[PDB]
Amino acid sequence: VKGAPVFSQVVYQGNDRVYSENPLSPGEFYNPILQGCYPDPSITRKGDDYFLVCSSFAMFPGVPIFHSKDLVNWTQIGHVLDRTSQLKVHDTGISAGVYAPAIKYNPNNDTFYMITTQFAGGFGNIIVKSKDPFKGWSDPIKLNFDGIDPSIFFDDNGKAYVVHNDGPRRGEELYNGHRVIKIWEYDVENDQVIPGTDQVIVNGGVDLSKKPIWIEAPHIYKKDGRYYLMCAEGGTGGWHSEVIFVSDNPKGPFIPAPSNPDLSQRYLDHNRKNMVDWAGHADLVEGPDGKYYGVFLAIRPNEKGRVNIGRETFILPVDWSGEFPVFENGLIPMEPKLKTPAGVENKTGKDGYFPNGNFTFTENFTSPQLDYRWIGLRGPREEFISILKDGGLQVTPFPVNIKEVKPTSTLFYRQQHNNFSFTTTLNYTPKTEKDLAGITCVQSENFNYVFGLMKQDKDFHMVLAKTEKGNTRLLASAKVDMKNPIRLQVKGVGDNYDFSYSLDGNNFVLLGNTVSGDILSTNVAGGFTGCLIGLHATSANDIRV
Amino acid sequence: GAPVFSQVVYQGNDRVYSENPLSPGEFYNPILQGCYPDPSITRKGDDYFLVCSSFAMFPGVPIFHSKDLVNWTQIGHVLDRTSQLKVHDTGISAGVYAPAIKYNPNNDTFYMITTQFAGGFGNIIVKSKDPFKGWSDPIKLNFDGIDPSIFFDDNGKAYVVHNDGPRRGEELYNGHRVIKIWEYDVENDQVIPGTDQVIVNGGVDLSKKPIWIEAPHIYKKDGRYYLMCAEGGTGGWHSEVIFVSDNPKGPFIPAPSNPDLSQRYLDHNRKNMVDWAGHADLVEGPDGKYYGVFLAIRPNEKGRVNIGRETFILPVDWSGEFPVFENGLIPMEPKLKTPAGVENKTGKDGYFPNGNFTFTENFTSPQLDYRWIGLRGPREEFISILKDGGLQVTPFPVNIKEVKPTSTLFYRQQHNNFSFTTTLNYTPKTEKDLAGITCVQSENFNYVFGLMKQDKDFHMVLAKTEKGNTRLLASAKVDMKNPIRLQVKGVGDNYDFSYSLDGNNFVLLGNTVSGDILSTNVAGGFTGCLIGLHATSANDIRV
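Top to bottom, those sequences are chains A and B. Using the authors' numbering, the first residue of the first sequence is number 4, and each one after it goes up by one. Using the authors' numbering, the first residue of the second sequence is number 6, and each one after it goes up by one.
Chain A on its own, in the form it takes in the complex:
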């Protein structure tokens, strides 16, 4: 469009207290390894090469994927589901779309598999394939089973199995949250589960008499000739944990380990410092030092006990010298720092490696190949961005309001710290009341703040509006003299969010008062994701001053 808004730069600054208080020594790295909304981690290995994937729901693209040689220094190589033929979330609810993924390398045929559930596009349970994740992946192959959290296991004899969560057979459900682990034989030439090979291997969980919730996230491992089934149990919230079973046969019977769970923060004191909660949904791999490691998700709530940055990806070393794997210190409070594997230096945030700790990301929009952390919601960023020849992000304003279950012209960045600032310079002259551009903080189309520049009657106004249950209310408004680009900032200090603007570039004026991050939490908004910070443009603005 002519006169479309131009965001000339962005600065995202993280300022979390835990990192300032626990500076790294050489040979240490911070946990979580993926800060912000990177849930349901799954990991696999080919030779020296590790690949890590996470769920993504309605975000576009889907299933972010990271590569590492050492489990500390990760390079985001893209997204597994990065084409509209693989990811059909145009109209998808904020809590539907792409659920937990599992990634597995099959050494028998030298093929990588990513198996997941996509509640969109008619996909359901799907698998995509690649010989080389750096080349991308196939279109999805639909798989003939229901439920969530599929995982694929390749036995030494080349035989293949898919385990997944499912419900109990119709009418046998004993309580709310009563779930089942089901296994199939998988035909590797057909890419399909084999009819008549399904079998329930876990009913309920470790101890059915305690009514375990949502036994899920199954993975099968083979070690010392035996078969291990590791699962999440308790649901991905306050009761999250990881449990383990063992069998002599891929299809059971599986017996729970006497010590269970093997990973959890759910029993720990609710007032601890540097709190890590909801820990579970793990996946094991052999590390570069011969040691095992497990990735898993957890949250780091703020001072009001809520999560605003979603479920994040953690890692812990694993001792598997005996019958059952032990998450090292996986049942006591998580520490901020871990020792790097033997002989690896921490290079996070350098040389294209994903950052960690308290970093400052300065985005000047000087290349068409935008950082992979810039995403869309429901639709691809390439539909509304242009990188100007001399730098700067021009956003085509879609006639789509932030409240619509439709792709908006908003370039989003996951909130990755409980204390952060996100500042942008906006060059923009709105022409009528329907035009707005600025910053948005989004849990969903129904739960968000919009902080932006609009024009009404003769004047330009900065507006701050709050959407709750899909109902937008204007919180505060200010007439501004738009004589030059305006800078806009959102600053979060735990649950305290401040929206401020600067016409002189130095002094940021608070618009209204500090507002609560409550609608930016999973606890209030519901769902499966974190706060997304967005460079928003619309030609369907409904705010009036």
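It is worth saying that the hints were derived from the structure and are not from the lab. Built from N, CA and C at the ideal position, the CB exists for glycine as well. Do not take every clue at face value.
Facing chain A, a subset of chain B residues (Cβ under 8 Å, in silico) [what the hints assert, rightly or not]:
1) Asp94
2) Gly96
3) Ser250
4) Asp251
5) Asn252
6) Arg376
7) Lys406
8) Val408
9) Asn474
To give a feel for the contact side, a few chain A residues facing chain B, derived at Cβ under 8 Å [claimed, not checked]:
10) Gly96
11) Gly125
12) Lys458
13) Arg476
Fit chain B to the given chain A structure using the hints.
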């Protein structure tokens, strides 16, 4: 070549009415079958007016009139215009929440106060001198929470009571809620700053962690002020409780006997089960006797609700300090005695039906029955009534999965045992065109049963949408020689979709499917199954 639905027949066949035939001077409970939640009632003279919540249905707040509490005439919807109701993009569980209707004798004016989570409205009130004609645009009120209600004292002084959350950081437990009262400025139609006061904290007994104290109503009897509230949430723990005070703003004291309306303690294996009873509102009947309307559900054999929360009524004894719902703590009976001297005329002379009725729609009037609604947008946007009868539906380029108005004429499921049959005259041009029947909890939980064209041939398709993911269950090639009849039949949780090319023999497409995704228990939310005459030009089903 738009699809023409030439006829619809809706038939209810619930066993409870067959087993309990009416005698003279009897009528069936609920008085509004199907999704008519959060009832509120008021009176002017001999004229009763009854309203219900409606969420994202269009139009909003259906409103009924009666002279006798038995024979009701739907007179329209309070939130009738797109200037009053802005649910175009609204989630299935947002939109219009509980309404309260109150006639003010002091200024001869009707008020309807509600919460609309859409269009920037929030808590709103509309006014009318004559509900038969219509109401004002919404007046926005400066408070948060839900379930507002307006009370007019003897001296004309006015109060708004509503549900709210506890003070920021005061929250004791999940579900901890508060009843708050304001003085209301009747000249400016606004709550008066600084007059807000919490009058109930939590519920009858805060030490029992009561959840979602809500639906507050204030009544004045014998000089004392009564606050009647729902407690326990609108699900399995629903109930109604009562408090008393000497003053409008408290302190309010709970009655020793509480709750006074509930089915939550009753045996889970009872027959003709009524559950989730609460959210009541009292009125003086033509009897001189009091009555209370309230919502409840009637689950099927799987223990699920597919027809939503319905409107019930009970006689109320208020000869002593506190109102008593007559038999409101024992299992609900299918039949009640009419107030003294009123005969049952339900389903006749334009009165709303009840029992097991047969609704035959021939689309031979431009004045379409008020039970035909849209979801998110008005029906007038996509319907034309043909000259010699028939409903022509303009197919919108909108899929059933979108949070947008679709071209679908919807009818609430009103029975656990029912059939809905239509005659479809339609020749689809491409894969993108489909017309037929849909059963909808929401855009994310529905069945679509429709006629499609793919390659050179016509197909009937049955597709299931769960969590916004559509899967094709079954397909049949059909010779489209003449119009086709489509039926969905529900027998509790058993739903059968069948088509007839000869008009007599209906062939099942696929197997019977579960109504689980048509229940509130599975799909979540606040509403019932909607049965729709659907057309689209953005069909995504492929054979």
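Comparing the hints with the structure gives:
no.: 1; hint: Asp94; verdict: holds, 5 Å
no.: 2; hint: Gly96; verdict: holds, 5 Å
no.: 3; hint: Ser250; verdict: violated, 32 Å
no.: 4; hint: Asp251; verdict: violated, 37 Å
no.: 5; hint: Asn252; verdict: violated, 32 Å
no.: 6; hint: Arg376; verdict: violated, 26 Å
no.: 7; hint: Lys406; verdict: holds, 6 Å
no.: 8; hint: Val408; verdict: holds, 4 Å
no.: 9; hint: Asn474; verdict: holds, 4 Å
no.: 10; hint: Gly96; verdict: holds, 5 Å
no.: 11; hint: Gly125; verdict: holds, 5 Å
no.: 12; hint: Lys458; verdict: violated, 19 Å
no.: 13; hint: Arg476; verdict: holds, 6 Å
Checked against the numbered hints above, the structure violates hints 3, 4, 5, 6, 12; every other hint is satisfied.
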